[PDB]
Each structure stands twice: as structure tokens, then as C-alpha cells.
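Trainee: Read off the chains here:
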Amino acid sequence: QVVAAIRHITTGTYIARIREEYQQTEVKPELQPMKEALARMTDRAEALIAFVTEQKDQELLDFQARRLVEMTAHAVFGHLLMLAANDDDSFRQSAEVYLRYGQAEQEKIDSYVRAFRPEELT
Amino acid sequence: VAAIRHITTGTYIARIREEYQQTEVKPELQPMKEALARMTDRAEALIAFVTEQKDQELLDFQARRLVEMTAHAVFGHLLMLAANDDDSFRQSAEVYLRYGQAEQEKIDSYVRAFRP
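First to last, the protein sequences are chains A and B.
For the first sequence, position 114 (counting from the first letter as 1) is numbered 114 according to our numbering, and the numbering increases by one without interruption.
For the second sequence, position 95 (counting from the first letter as 1) is numbered 95 according to our numbering, and the numbering increases by one without interruption.
Bear in mind the hints are in silico, worked out from the structure with no lab data behind them.
The calculated DSSO-like cross-link candidates involving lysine-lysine, where the alpha carbons are at most 30 Å apart (straight line), are:
(1) B:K106 to B:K54
(2) B:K106 to A:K35
(3) A:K108 to A:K35
(4) A:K108 to A:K56
(5) A:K108 to B:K106
(6) B:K33 to A:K108
(7) B:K106 to B:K33
(8) B:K33 to A:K35
All chains, full assembly: derive it from the sequences and hints.
Mentor: Set out below in C-alpha cells:
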């Protein structure tokens with residue numbers, strides 16, 4: 001159900017779009033660091049999803065589902081904003097601050113999910 | 001200079017209103033669409049607050065802030081569209097909008113508090 005609603009997240013359809021389309025965008029040097037940071041956020045999302053799914057614990061997946069969605073959203077959103085800044089560099093500084101937000105939020109999620117003991121669930 | 005001209009042009013304010021806001025979204029995203037329109041209005045209002053003073057030093061001083069102010073509205077629309085395409089992202093988009101709103105409030109208060 002929650003698992004079903006997020007099958008595209010666990011499978012990594014946005015991860016594929018990021019890698020196959022968004023990361024192929026030619027950007028100027030000024031946006032290149034942001035592009036590389038977003039690639040790392042994408043790998044971090046994929047890795048955290050794997051961390052959860054490889055436990056083969058359906059209750060855990062259901063519990064962590066919304067966090068895995070969020071983890072992915074930070075990477076996707078960051079790319080949408082990078083593309084906006086590529087189209088108009090006036091938005092680069094703002095995009096860079098949103099990147100920090102996404103990085104902070106991904107870190108909170110990653111730390112929580114990785115520290116979580118599955119025995120906590122009933 | 002790139003900033004200042006966009007600001008005095010209004011291009012991104014026009015962009016949100018003529019393009020982004022003309023997208024018909026799912027009914028469940030209509031509240032977000034309306035909140036974004038108000039963020040756009042707030043940006044426009046703050047820009048007018050500066051530009052109506054006909055003070056080029058002030059506009060130069062505030063130009064980056066005015067672009068940031070606008071960026072929260074622009075970025076917000078892009079995330080709404082992401083959520084319109086995938087309801088999985090609605091909650092995340094809402095949180096980002098609240099962040100943008102909070103940041104807009106800080107820029108607005110700062111700019112309107114300015115004295116030389």
C-alpha cells in the first residue's frame with residue numbers, strides 16, 4: 001500500500017532520470033560544483049533505499065517509506081533548481097542555498113534511518 | 001546588472017503569472033498554487049517598495065535580495081509542478097514552500113527596515 005505507492009521510489013525511476021537526463025545537461029563551470037553535489041545526493045538516496053530494502057523487512061520499509069520518498073525528493077528538487085539556474089544564472093546563489101537545505105535534510109534522514117533499530121517496530 | 005535589469009523588467013514576475021500560474025493543477029494542489037501566487041505578489045510588492053524610491057544606489061544595494069525574494073516564488077512553482085506530476089512529492093513540496101515563505105519574510109522585513 002505505502003510500499004505500492006512508492007514502488008517507483010524503491011526501484012529508482014527518478015534516480016534513472018537524474019542520471020540519464022538531468023546529469024547530462026551541459027552546464028557552465030559556475031554550476032558544475034552544484035551538478036557534482038547533486039550527483040552525490042542522488043547516490044546517497046539510492047544507497048539509503050538499498051540499506052532499507054536489502055533488510056527484506058516489509059514493516060521497516062513501510063515505516064521508512066515517506067523518508068525514502070523525501071530522500072529522493074531532495075535530489076530531484078535540487079536538479080530542478082539547478083536547471084532553473086542554468087537557464088538564468090541570476091538564480092544560482094539562491095539555488096546554491098536550497099542545495100544546502102537539501103543536503104542538511106538528506107543528512108538528517110540518512111542518520112535517522114541508519115541508526116534506527118527494526119526491533120523498535122511492533 | 002544582470003539582476004538589476006530583470007528586477008526593473010519584471011520578467012520573472014510576468015513569467016510566473018502568464019506561464020506558471022496559467023497551468024491548471026490537480027484540485028489538491030490548488031491551495032499551494034494560491035499560496036505561490038501570494039509569494040509572487042509579495043516579491044512584486046517588495047521590488048516596488050525599492051524601485052519607486054528612484055534611488056539607483058538603493059536598488060544596487062538590494063538587487064541580490066530582490067532576486068532571492070523572487071527566486072523563492074519561482075522555485076516554489078517548479079516544485080509545485082513536480083508534486084502535480086507525482087503526489088508522492090506533495091508533502092516535500094509543501095515543506096519547501098514553508099521554507100521559502102519563511103525566507104521571504106526575512107528578506108521583506110530586512111529590506112523594509114533599511115536606512116542609509
